[PDB]
Structures are given as C-alpha cells and as structure tokens.
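Novice: The lines below spell out each chain.
Number of protein chains: 2
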Amino acid sequence: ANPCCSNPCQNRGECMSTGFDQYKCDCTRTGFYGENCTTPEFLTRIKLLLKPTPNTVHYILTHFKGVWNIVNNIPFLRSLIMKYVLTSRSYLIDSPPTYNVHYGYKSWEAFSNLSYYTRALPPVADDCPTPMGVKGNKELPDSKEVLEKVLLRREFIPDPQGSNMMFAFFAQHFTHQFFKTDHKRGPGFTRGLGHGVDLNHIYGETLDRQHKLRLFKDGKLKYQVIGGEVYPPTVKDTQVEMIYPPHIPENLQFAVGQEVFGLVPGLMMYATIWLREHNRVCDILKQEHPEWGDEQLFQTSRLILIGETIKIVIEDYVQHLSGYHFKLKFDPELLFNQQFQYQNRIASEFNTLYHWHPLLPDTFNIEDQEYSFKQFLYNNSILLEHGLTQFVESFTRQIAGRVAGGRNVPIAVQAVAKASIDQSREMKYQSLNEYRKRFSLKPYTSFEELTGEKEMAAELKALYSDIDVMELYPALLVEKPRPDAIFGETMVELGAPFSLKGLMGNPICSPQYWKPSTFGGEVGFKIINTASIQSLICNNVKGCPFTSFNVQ
Amino acid sequence: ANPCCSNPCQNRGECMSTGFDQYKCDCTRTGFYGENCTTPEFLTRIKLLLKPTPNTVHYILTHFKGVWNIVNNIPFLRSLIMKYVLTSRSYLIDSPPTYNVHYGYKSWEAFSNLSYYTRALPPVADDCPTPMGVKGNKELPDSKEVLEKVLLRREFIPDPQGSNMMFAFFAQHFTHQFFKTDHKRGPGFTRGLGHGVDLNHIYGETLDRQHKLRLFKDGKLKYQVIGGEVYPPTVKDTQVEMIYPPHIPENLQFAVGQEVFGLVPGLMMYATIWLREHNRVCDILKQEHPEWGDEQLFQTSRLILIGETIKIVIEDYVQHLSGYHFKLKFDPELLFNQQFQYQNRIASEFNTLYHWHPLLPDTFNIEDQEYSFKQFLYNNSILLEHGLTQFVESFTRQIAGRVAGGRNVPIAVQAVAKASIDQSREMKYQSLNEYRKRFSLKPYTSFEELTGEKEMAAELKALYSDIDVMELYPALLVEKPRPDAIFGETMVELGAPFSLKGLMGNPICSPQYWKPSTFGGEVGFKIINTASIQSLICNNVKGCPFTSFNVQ
Ligand code: HEM
Ligand code: HEM
Ligand SMILES: *[C@@H]1O[C@H](CO)[C@@H](O[C@@H]2O[C@H](CO)[C@@H](O[C@@H]3O[C@H](CO)[C@@H](O)[C@H](O)[C@H]3NC(C)=O)[C@H](O)[C@H]2NC(C)=O)[C@H](O)[C@H]1NC(C)=O
Ligand SMILES: *[C@@H]1O[C@H](CO)[C@@H](O[C@@H]2O[C@H](CO)[C@@H](O[C@@H]3O[C@H](CO)[C@@H](O)[C@H](O)[C@H]3NC(C)=O)[C@H](O)[C@H]2NC(C)=O)[C@H](O)[C@H]1NC(C)=O
Ligand SMILES: Cc1ccc(-c2cc(C(F)(F)F)nn2-c2ccc(S(N)(=O)=O)cc2)cc1
Ligand SMILES: Cc1ccc(-c2cc(C(F)(F)F)nn2-c2ccc(S(N)(=O)=O)cc2)cc1
Ligand SMILES: CCCCCCCCO[C@@H]1O[C@H](CO)[C@@H](O)[C@H](O)[C@H]1O
Ligand SMILES: *[C@@H]1O[C@H](CO)[C@@H](O)[C@H](O)[C@H]1NC(C)=O
Ligand SMILES: *[C@@H]1O[C@H](CO)[C@@H](O)[C@H](O)[C@H]1NC(C)=O
Ligand SMILES: *[C@@H]1O[C@H](CO)[C@@H](O)[C@H](O)[C@H]1NC(C)=O
Ligand SMILES: *[C@@H]1O[C@H](CO)[C@@H](O)[C@H](O)[C@H]1NC(C)=O
Numbered sequence: 018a019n020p021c022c023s024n025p026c027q028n029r030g031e032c033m034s035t036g037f038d039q040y041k042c043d044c045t046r047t048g049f050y051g052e053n054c055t056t057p058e059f060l061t062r063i064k065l066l067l068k069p070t071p072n073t074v075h076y077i078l079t080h081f082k083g084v085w086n087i088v089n090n091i092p093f094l095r096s097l098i099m100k101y102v103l104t105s106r107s108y109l110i111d112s113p114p115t116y117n118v119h120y121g122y123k124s125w126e127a128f129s130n131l132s133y134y135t136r137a138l139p140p141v142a143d144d145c146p147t148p149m150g151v152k153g154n155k156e157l158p159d160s161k162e163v164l165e166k167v168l169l170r171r172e173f174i175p176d177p178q179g180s181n182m183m184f185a186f187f188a189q190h191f192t193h194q195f196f197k198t199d200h201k202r203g204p205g206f207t208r209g210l211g212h213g214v215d216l217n218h219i220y221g222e223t224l225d226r227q228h229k230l231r232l233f234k235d236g237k238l239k240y241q242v243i244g245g246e247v248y249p250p251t252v253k254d255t256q257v258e259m260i261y262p263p264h265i266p267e268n269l270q271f272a273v274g275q276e277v278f279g280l281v282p283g284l285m286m287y288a289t290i291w292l293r294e295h296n297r298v299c300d301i302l303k304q305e306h307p308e309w310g311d312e313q314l315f316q317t318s319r320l321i322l323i324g325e326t327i328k329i330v331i332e333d334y335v336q337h338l339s340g341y342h343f344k345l346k347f348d349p350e351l352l353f354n355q356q357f358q359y360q361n362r363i364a365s366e367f368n369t370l371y372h373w374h375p376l377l378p379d380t381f382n383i384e385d386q387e388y389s390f391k392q393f394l395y396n397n398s399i400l401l402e403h404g405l406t407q408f409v410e411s412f413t414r415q416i417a418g419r420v421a422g423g424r425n426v427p428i429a430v431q432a433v434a435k436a437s438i439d440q441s442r443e444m445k446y447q448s449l450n451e452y453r454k455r456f457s458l459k460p461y462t463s464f465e466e467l468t469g470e471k472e473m474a475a476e477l478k479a480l481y482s483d484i485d486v487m488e489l490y491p492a493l494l495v496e497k498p499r500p501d502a503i504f505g506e507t508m509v510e511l512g513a514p515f516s517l518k519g520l521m522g523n524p525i526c527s528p529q530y531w532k533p534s535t536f537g538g539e540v541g542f543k544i545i546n547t548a549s550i551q552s553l554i555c556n557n558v559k560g561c562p563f564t565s566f567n568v569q
Numbered sequence: 018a019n020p021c022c023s024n025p026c027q028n029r030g031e032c033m034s035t036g037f038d039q040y041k042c043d044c045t046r047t048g049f050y051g052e053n054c055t056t057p058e059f060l061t062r063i064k065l066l067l068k069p070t071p072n073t074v075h076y077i078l079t080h081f082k083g084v085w086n087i088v089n090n091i092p093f094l095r096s097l098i099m100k101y102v103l104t105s106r107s108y109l110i111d112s113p114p115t116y117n118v119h120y121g122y123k124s125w126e127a128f129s130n131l132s133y134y135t136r137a138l139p140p141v142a143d144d145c146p147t148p149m150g151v152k153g154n155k156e157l158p159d160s161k162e163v164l165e166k167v168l169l170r171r172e173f174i175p176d177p178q179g180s181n182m183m184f185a186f187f188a189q190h191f192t193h194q195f196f197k198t199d200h201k202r203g204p205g206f207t208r209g210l211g212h213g214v215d216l217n218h219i220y221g222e223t224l225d226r227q228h229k230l231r232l233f234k235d236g237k238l239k240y241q242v243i244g245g246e247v248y249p250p251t252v253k254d255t256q257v258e259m260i261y262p263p264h265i266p267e268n269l270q271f272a273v274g275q276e277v278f279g280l281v282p283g284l285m286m287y288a289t290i291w292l293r294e295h296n297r298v299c300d301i302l303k304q305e306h307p308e309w310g311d312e313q314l315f316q317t318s319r320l321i322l323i324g325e326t327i328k329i330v331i332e333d334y335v336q337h338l339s340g341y342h343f344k345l346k347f348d349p350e351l352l353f354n355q356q357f358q359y360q361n362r363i364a365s366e367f368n369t370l371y372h373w374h375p376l377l378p379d380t381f382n383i384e385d386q387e388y389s390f391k392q393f394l395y396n397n398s399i400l401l402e403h404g405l406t407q408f409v410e411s412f413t414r415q416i417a418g419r420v421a422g423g424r425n426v427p428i429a430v431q432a433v434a435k436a437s438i439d440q441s442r443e444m445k446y447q448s449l450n451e452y453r454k455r456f457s458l459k460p461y462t463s464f465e466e467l468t469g470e471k472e473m474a475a476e477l478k479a480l481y482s483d484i485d486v487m488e489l490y491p492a493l494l495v496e497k498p499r500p501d502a503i504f505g506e507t508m509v510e511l512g513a514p515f516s517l518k519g520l521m522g523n524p525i526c527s528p529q530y531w532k533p534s535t536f537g538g539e540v541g542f543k544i545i546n547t548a549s550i551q552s553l554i555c556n557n558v559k560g561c562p563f564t565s566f567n568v569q
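Line by line, the protein sequences give chains X and P.
Counted from 1, the first sequence has number 169 at position 152 by full-length UniProt numbering; the numbering is strictly sequential.
Counted from 1, the second sequence has number 135 at position 118 by full-length UniProt numbering; the numbering is strictly sequential.
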C-alpha cells in the first residue's frame, strides 16, 4: 500500500507519502532535483565526472609502493592524505543518527532512544507487498538453502592478506564492546549504550559492575596470580555476572568487563592482555603522580587505554586490513579545522557486515595441539595450560579465513550464519543494491558481477531470480574480493565510514580532550601516541613475544 | 593541599598536579603560554586589541535603531549578523562536555553519565583550605545574612524592559523541561536525560509516561472538556504520576508531561496551550496525510512543536530579553557551512543562573482578583474559574520584576533563594570572578563595581571582605544592570552561550533533519517557520486575545 515501498527516491532523497497512492521526494541538499531526485544540478555533474570509482582509488592506495614510501616520510603530506581519508567518508553517515528498526521516518523516539542500533537505511515498511519492497517474491529464499549453497565451507580458504588469529580475535574482542545485541528485546537493540569505543568490555557498562571489577587502590583492576602469571579475577571473588555453562568450575570463571568473553579463550587472551595493560598504566601514572588517589588513577588510565585502542585499531588493525601502502595515522588534530560531529551511534548494518565468521579456522592450533570448536569453547584451561606467551606465538602463526569470495563459513558455526540471514530479514533490511546505492556504489547488474564467477552466481540466481532482490549479508560473504584482498567492494565501502566515525567520533578526539593533561601529562599522552599491537603484547606478555596481524 | 586549589592557570589552561606541592598548566590551544598561560602569543595580542568589550557590543545592538531597521530588511545582512551572534559564542562551551560536581578532571564517567549536570568550571577540590580555593575565610558568610541583606524584596522593583507574567511563566515552563534536579541524588544531578529542548514536559521523560498521556488516535494527547474548554486529562483517567498536595480533588489533578506543573496555574496555563497546539498540529497533519497512522502523526507533531518552541524562544523570548534592535532569526542553515556540535549537555551553572525568582510579583492579578502566593499555588480552580483567555489577557498586562539590581526576591519564596546559595556551595562552585574570567569577562575589582551603588556593596564587603571571594549566584541578582535592562553583564555573558547551544544543538537543526519531510511536508515546515508567541495563543486560546512578552 505504502507508495514509498518501491524506494522511489534516489541519491538520498527522502520519500514521503502524500495521500494513499502518491508520494513525494525531498531532495534538499542532495545535489539533484526532479520527481525522484535523479536529475543532477550543474555543479553536481562536474563532481560526478571528476570522481574516481572506489575501485580506482583502492588501486592507487595499493600500488606505486615507491611513491607511498616517499609520502609516508613527508609528515605534512602524510597528514594531508590521512585528512582526506578521514573527511571523504564523513558525508556517508547521518550524524546525529536518524532511523532505526521501528522508524522509517525521523522521530524523537528514534533519535533519543539509546537502546536501538541506528539504521543507515530505513526499514521496508511493514505493509509493503514484498520483503524487499515491491520486487521479488512474497518471501525470500529458504535461508538454509542460501546458507548451504553459497555460504558453508567445503575446503578452508585462507585469507590472501595473511590475516592471522591474533587479528581474528582482536576483531571479535574489540568489536564486542559495541556489538552487544539485547536479544530479550530483539536483534535491532543494543546493550552497548556507549555506542562506541568506551572499553566497557574491560571496565563494564555500569558503575555497579565497574566497581566490582576494581581494586580501589592505585586505580587498578582486581586480578589473580596463577602459576606466577596475572589473570582476571574470578566470579566468586568479584560477584560480577558472567556467562558460563554450569559445568565450569568456580576457579575458571573469570570475571571481565564483557559477560560473554569467558566463552572463547581468544577473547580471554585479549581480556587478560588489556587488564594487565590497565594496571601497567596505573603504575606509570602513580610514578608521575604520587599525589593522585585511586579514582583519578583509574579514570585517567581508562582514558589512556581508550586512546591506545583507537591508535592500534587505526595504525595496525585497519592498516593491515586495508592493504594500503599509505601509512594510516591516528591524529585527532587533522579534524580540528574541519566540520565533524564528535558523536556516534552504532548502526545495525555495521553490526551485520562485521559478522566475520569465515575468519575462523577448522581447528585452533596452539603449540602442539589442534583443538576442535567443541574443545575450544568455554575452555579456559587451554589458556592456563599454554599461557599467554604461547597463545600469542601460536595465534601469530595460524592463518585466518577469507571473508568474501564465498563458501567459507565454518560448519561449526552455521547456526550463527543462518541467524545473520534470518535476523536481517526480521529487521526488514533493504536489498544489497539499495545499500550499494546508499553508499555511492553502482548497483550490481547480475549475480555474476557480484561473485565474479559462475557457479555460486547460478545458484544465487536460481534462488533469488533478480539481482535487485539479493540480500546484503550473504552478498557480503559471497562478493568478488578485491585483488588478493580479504573483502569485496561492498564490505569496504559500507564498513570504512562506520568504522572511522566510531573511532574519530569518540570524545577524547575532541579539541577540549585531545591534550596532555587529559591523560595525566606528556608521559600519559605518549603511551597513546606510541601504542601499537606489538608494544601492547610486548609490555604485557612474558618474553615479549613477537606478534603482528598477519602470518609474516 | 591540592596545588591546583588557587586556580593558578589562566585563559582556560588546565591545572594538573605534578607532585604534592607542584602543578603544571596545559595551555594547548589557549592562545597563551608560560607557567600560568598568561603570556599571549603574537596572533593572540592582535585579537585582544581588535576585540570590543561585551558592554560595547551590547551598546551597538541596542542603539542606532535606524540602521538596524535597514539591516533587518536586507535578508542577506540579517543572515550574516545572526550567523555571527550564533558562532561568536560557540567557543565558550565545552562540547563534548567535560566536568561535573564529582570530577575536576576529565574522566569517562564524567563524559558518559547522563544523570549529571555538566560543569562550565570544575568544582573546587574537596581538600582545598577554603571554599573558594585558597582565598577567603574557612567558611563563606551566613547564607541567611546574604539573603536578607541584599536579596529580599522591600519594595517591588519592576523590570524596566516591561517583561510581563506571560514572559515569567513561559521561562519557568520552558526551562523546566531541562532543569529537573534529582534531589534524591543531589543538586548536581538531573532527571532531564534529554539534556535539552525535547518537550518532555509535555510528552514525558519515559515512553511509559508518554503512553499514558496519549490518546492513540490521530497522534493526539488525551484531554478533557470542561465548560466547553479543552484541558489536560486527569490523574484518575491516565495514572500518570503528578505532584499534588493531598487535599487536591481528583478532578483537579491534571496530568501533563512534567510532574510538577500542577503546582502553579501559570505552568498549567502553558501546559494547556501546548497540549492544544499538539492536537491542533495533528489535525493539520491528518488533513495532509490521511494515509498516516497514529504513531507517525504523533511523532511528527512532536518534531514540529520542538521546532515551534525553538522558533518562539529565539525570535520572541530571547528577542525581548535582549532589547536588541536587530531582529534575531531562527535559521539552522546559518550553521551549515560552519563548525558546530549538534549535541548538548545542561550545565549546573546555567541552571543556577536561571533562578529568576525576582521576576515574580507580590500578587498574581487575574481579572478583578489579586491572589497571594498562598492562594495561587496548587490552585487550578483559579484557572478553570477565569479560563485561558482571561489568564492570557491578565498576564499580558501584569509587569514582572527586575532580576538584577538587587533586593527583589519575593519573601514568599526566600527558602528557594537560600537554597540557591547553599546548594551552590554544596556543589563547590568557584567564585564569581573565576566564572567571569571563564567567560572572557574582566574580574570585578570591588563590590561597588559589581553593584554600581554603595549600600549593598558595603553590606557585601562587610560579609565577604574580598571581591575575589564573592559568589556567583548572589552576584547575579545583585549586579549592576545594563542600562534599563533586566540583567547585568555576568548573567547575559554566561547565559547567552548555554542558551544558544541548547537551542541550536538540538538535532532537528542538523542538516539531515532540517528539511520539509522531517516535518511531514512544506505545510508542517511552515508551522515551525511562522510560529510566534502570538500565533501560538491565537490558534489555541478562544478569542485570539492579544499577547506579548511585555507590558503595553
Ligand atoms: C571465536 C569463535 C566464535 C563463535 C563461537 C561465534 C559465535 C557467535 C554467536 C553465538 C553470536 C551471537 C551471540 C553473541 O553475542 O556472542 C555471534 C555474533 C557475532 N559475531 Fe561471532 N563467533 C565467534 C567469533 C567471531 C569473530 C572472529 C568475529 C569477528 C569480528 C565475530 C563477529 C561477530 C559479531 C560482530 C556478532 C554480533 C554480536 C552481537 O550482536 O552481540 N565473531 N558469534
Ligand atoms: C511561579 C511560582 C514559582 C514558585 C512557587 C517557584 C518555586 C520554586 C521551588 C520551590 C524551587 C525548588 C524546588 C525543587 O526544585 O524541588 C524552584 C526552582 C527553580 N525555579 Fe522557581 N518558582 C516559581 C517561578 C519561577 C520562575 C518564573 C522562574 C523563571 C525561570 C523560576 C526558575 C527556577 C529554576 C530554573 C529552578 C530550578 C529547578 C531545578 O533545578 O530543577 N521559578 N522554584
Ligand atoms: C526504547 O524503545 C523500546 C521499544 O519501544 C522501549 O521498550 C518498551 O517499553 C515498554 C515499557 O516502557 C514495554 O511495553 C509494555 O507496555 C504495557 C502497556 O500497559 C505495559 O503494561 C508492559 O508492562 C510493558 N512491557 C511489557 C513487559 O509488556 C515494551 O515491552 C518495552 N520493550 C520493548 C522491546 O518493546 C524502551 O522502553 C525505550 N527506551 C527508553 C529509554 O524509553
Ligand atoms: C551516575 O553517577 C551516579 C553517582 O555516582 C551513579 O549513582 C550511584 O550508583 C550506585 C549504584 O552503582 C549507588 O551506590 C550504592 O552502592 C552500594 C554498593 O554496595 C549499594 O549496596 C547501594 O545500595 C547503592 N545505592 C543505594 C541504593 O544505597 C548510588 O547510591 C548511586 N547514586 C548516587 C547519587 O550515587 C549512577 O549509577 C551513575 N549512572 C550510571 C548510568 O552509571
Ligand atoms: C569494517 C571495515 C571495513 C573497512 C575498513 C577500512 C577502513 C579504511 C581506511 F583506510 F579508510 F581507514 N580502509 N579500510 C579497508 C580498505 C580496504 C580493505 S580491502 N583490503 O579488503 O580492500 C579493507 C579495509 C575498516 C573497517
Ligand atoms: C539566560 C539567558 C541570558 C542571555 C540570553 C541572551 C541571548 C542573546 C542572543 F545574543 F543570543 F541573542 N542575547 N541574550 C541577552 C542579551 C542581552 C540581555 S540584556 N537586555 O539583559 O542585556 C538579555 C539577554 C539568553 C538567555
Ligand atoms: C517585605 C518588606 C520587608 C523586607 C525586608 C526584610 C529584611 C529581612 O528580614 C527578614 O524577613 C524575613 C521574611 O519576613 C523573616 O523571615 C526574617 O525573620 C527577617 O530577618
Ligand atoms: C521515478 O521515475 C519516474 C519519474 O521520472 C517514474 O515513472 C517512476 O514511477 C518513479 N520511480 C518508480 C520506482 O516508478
Ligand atoms: C579443555 O582443555 C583441556 C586442557 O587442554 C583438555 O584436556 C580438555 O579435554 C578440554 N575440555 C573440553 C570439554 O574440550
Ligand atoms: C603564576 O604566576 C607567577 C608565575 O609566572 C607566580 O608568581 C605565581 O605564584 C604563579 N601561580 C600562582 C599561585 O599565582
Ligand atoms: C483557589 O481559588 C479559588 C477560586 O479561584 C478560591 O476561591 C479559593 O479560595 C482558592 N483556594 C485555596 C486553596 O487557596
């Protein structure tokens, strides 16, 4: 019935119903006019001709290694380039946020209710004749069919970028501070009211939990020593609620910021590394500030670890993902004479696109052992058995799986992949191509253009019939990868903007925050500005083991 | 104890303790350097010489009536001027917010905890030797003494700007959506988690309350008809919690967004006017959108009333307060090519400075009657007795009191003035002069310079001894007023920045919001862009009585 069910309005024009059968597009500031915001304004046509495609730009970022080598060493050029990578993307994210699972038009409820993931594209109205709007059949294809036919791994396909398990677990650990779906309410709701990098996964969402996690001397987090090694405290000692299956002995129930982290030893590894890091920074701060009390030492340390986390993500993590020869930089100052909103809201689609389960291997290989999924999950002995050092050495060596290119979701975790499909539909996601369009990408004209091959395309075609009805999530995992890259174009172009907004939108990047005293002086500031995945592990793991995000 | 107690750092440098007895100032981006951020940089000296004082600028805004008359009629000049008034102030507010009652240094707790009023200046550390830091005596003067000596009204001093009761009650009504101190926690905490103009005082803080207040047809708010006139529903019909003394009969317990509004008939007057307005905009929207359901009609109407509210406040309310000959304009577009944070956090100091109780008259005069405080409070009969029309006519005629200039707090309300003093101290406010310095104002060098007279100055001197120990709140009510103005310099210069930030920071002012479809089309948009205090009363109060914020 809804006359906007067709997504009539293009180039970001907003569709509004003007009577039961008519509609109108608001093209304000889109750069286009006409009934459907498809006729470009003169100034808009220039831009549309002087605008390289993302695939061109990526090509330039991943070639001319010699030229980038020179740029990387001219601080003022490096700054000019990073500033461009930061700002070019800004315009792709609504901020303040707009829509959510229940609101396809702006409302105060949508803006003000922090429990919702926000939405880059509004849901398909409940009374549209098809799931994707007006196109396709009354129902989407059997999710199980799509799962089995183009998603499930036959043979393990390694990531050509050499991503490793140190990377896979870092992504899970880091992303799981802001992806915390509140399943009691539904898939489109969140328990991460911080809506960003606040390290609630170390310190807790709520003051109540934070306080159980704290030692209240020297600003430190409680911890225990086992075989001379530092580890998170126990549930028994802290009373913080954790999710453990009943058969887990009280002494193995580790308490950390995030209630789910006890479930995977990879998580607990990072949880332990970051716990050590926080207490480490405390000793540094106390040294500088014998006048300081427990609160200030604690809060300052937290501010510093937020900085470290943003640094490592941009300069090591995204760096490695990108494959860029240009050396990415974490420098808030680059946005200071620029228009930018220091605020963020986690988008449902960001969450969805970030279900990188293909990363996971068939077995988890530590030292001599090869642990099956069954053996690895909820088994922290494995951690105590080998220790952090051996975990880091091992995970640095084991290659992670390719995410795009299709057929690489481990069977052990198929239920999670099916849910990703089913819950997308539940949330009334628009189609792959609508999302491509929304991110300034050219719609795919056939399934074969999407996959870059024939077999999976043919299966997808038989299932969906029309490319314009293809779904975002599966498309992501099935897409033709960039050359020797871990992802396809859609993943990158949707992901980068959400990612940089959540990184740079954090308040410590704001002018009033981004200064030495915020972090307890120049020595605190330097911890942030010199932080790296290597130092993090080096400072906190015994024998300062070498690590990196790819199998060297 | 704390080295930072004396407030050593100037020009917005941050004080940090470097050892028990030393300190350091972070002057990053202040424009000054040196141990105390007092030595200006070359570029800073130019600015400091080409910068007119606020008292000069005010003079220019309130004279040359002929010139402003021309500027007000050249749309592009009017736009250039308002843009300057908007932006000149921006730099005075920390956004993202920084400090609060418990945090004198930035922390994630301070930033993230939405229950706190933020702070424009950090509290005085708990272990400073004096209340103001290092200056003054171990305790401030008897708050009662200050109350009685320079705050209590002998004779009613009328506002020379001719502010009236329609104005007084509008400020109470409007401000009381974002000033809602949570007294269970303490004076530095708020129940207004919207931290701005969200009209929760009409619609409720929580979804639960909103829903009890709503009719669920045509997007309307419940209401009742009494003697052919429309009024808010009752507590018995709705179950919404209100604050009424026990002797109030169930049929007089009106339910509205803000639990406290039943306490003053002036509040209930506006509460009724805005309730009517909301249902009025619903009829308009249904007419335009017969396709629309109850939710969308309700939410859109709310978006529109937010807009109307921001419009009226800038173009009528602040207009009248300012005394400016320049015609202020509500135009979000003026900030679109500008650096600005669409976000806000209510400052404790804003709350404090807005305790405009001197506005209140000795009696409330409606038609023939002269009601005492005792008779007026919690008495909604008075409203049903005379009706809205007669209330508007009467309150348009009755002059309000002058706020600055001293000795004008009605005795009936002395307890509230004392609390304002006591709770300031409880929250560890810095001194008047610290706050002056913080808003780029020149410290007062004597009490006589503050009051502009001798008698109240002498009393204040005998009480405080040192001008540099004088307190913000009393100073506000006692200050020498601008010429024939309602306020003194300190009130204006502190007040204006907080005020404009809360008005313009609202998301509907953000580019992705400020467009017709957000408000259900050009007809909804036009309601916002033509709204005025007069159109509000006229479309909603029988007889379309003439109203205004000032006495005729
Ligand atoms: C290591 C073994 C893993 C298992 C057994 C697993 C399984 C699951 C399960 C059951 C969920 C939904 C429940 C939850 O919140 O935890 C989930 C969600 C998710 N997974 Fe994983 N996963 C694993 C690793 C990873 C990795 C490496 C990533 C890469 C970032 C990842 C990304 C995500 C994301 C972003 C969600 C959504 C979380 C939420 O909405 O709360 N997972 N996975
Ligand atoms: C109409 C008769 C009025 C009465 C009986 C009254 C009384 C009070 C009382 C008892 C309080 C503190 C009570 C509490 O917060 O629990 C208060 C606070 C306050 N008053 Fe008034 N007042 C009146 C009018 C006004 C007006 C015209 C203004 C002008 C703006 C005003 C400004 C304020 C403000 C800003 C607060 C702070 C409340 C908060 O922090 O949440 N009042 N008033
Ligand atoms: C963010 O949006 C959420 C979804 O709208 C809100 O969650 C919903 O709030 C309601 C309570 O405020 C619940 O509705 C039910 O309403 C009936 C009416 O009479 C009550 O009796 C019920 O007790 C109440 N709940 C139950 C158990 O039936 C919704 O169930 C509730 N949850 C969901 C997922 O819809 C959030 O409240 C909102 N957040 C904020 C801060 O307002
Ligand atoms: C914003 O900051 C507020 C002020 O710190 C927080 O409010 C405080 O949270 C505490 C709950 O975590 C309460 O403290 C008490 O702690 C002991 C622990 O052993 C409990 O037994 C007590 O029952 C608990 N309070 C009670 C009911 O006695 C504080 O009372 C509470 N309020 C104040 C004024 O401090 C807010 O929690 C915080 N907001 C967020 C979102 O974290
Ligand atoms: C979820 C997500 C997706 C992308 C990014 C990201 C950000 C950036 C940058 F440079 F803008 F910072 N690049 N970049 C990126 C670029 C290219 C690839 S690739 N090698 O798969 O084509 C992979 C990642 C980050 C997070
Ligand atoms: C609480 C508060 C305080 C000041 C203002 C304000 C804002 C503005 C402006 F500039 F933005 F338009 N002026 N302006 C203002 C200016 C001058 C006076 S006056 N007649 O007392 O000197 C009174 C008010 C608003 C709210
Ligand atoms: C209204 C005309 C008199 C005002 C000036 C009074 C100076 C302060 O006088 C005070 O008056 C208070 C209010 O009645 C009383 O509660 C106190 O006992 C008294 O000290
Ligand atoms: C917009 O395209 C044209 C108007 O130029 C119109 O025929 C069409 O109906 C509109 N879009 C859709 C989906 O039909
Ligand atoms: C957990 O790991 C331990 C130690 O390596 C192993 O012996 C045990 O079998 C594992 N338990 C499960 C249920 O996999
Ligand atoms: C800052 O002012 C000067 C340093 O230039 C010095 O006299 C003074 O003591 C410093 N701080 C204080 C406490 O005034
Ligand atoms: C309330 O007002 C009514 C009529 O306006 C008046 O007669 C009555 O005395 C007042 N009641 C109180 C409680 O003062």
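By construction, these hints were calculated from the structure, which means they are not laboratory data.
Some hints could be false.
As the list claims (entries may be wrong) - Chain P regions said to be covered by chain X (calculated; three or more residues, Cβ under 8 Å): (1) 108-115; (2) 252-263; (3) 296-310; (4) 452-464.
Note that the Cβ used here is the ideal one computed from N, Cα and C, for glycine as well.
Novice: Next step is simple, just say for each hint if it's right about the structure.
Specialist: Going down the list of hints, with the structure as the test:
no.	hint	verdict
1	108-115	holds (count 4)
2	252-263	violated (count 0)
3	296-310	holds (count 5)
4	452-464	violated (count 0)
Figure legend: structure checked against the earlier numbered hints; hints not met, in rising order: 2, 4.
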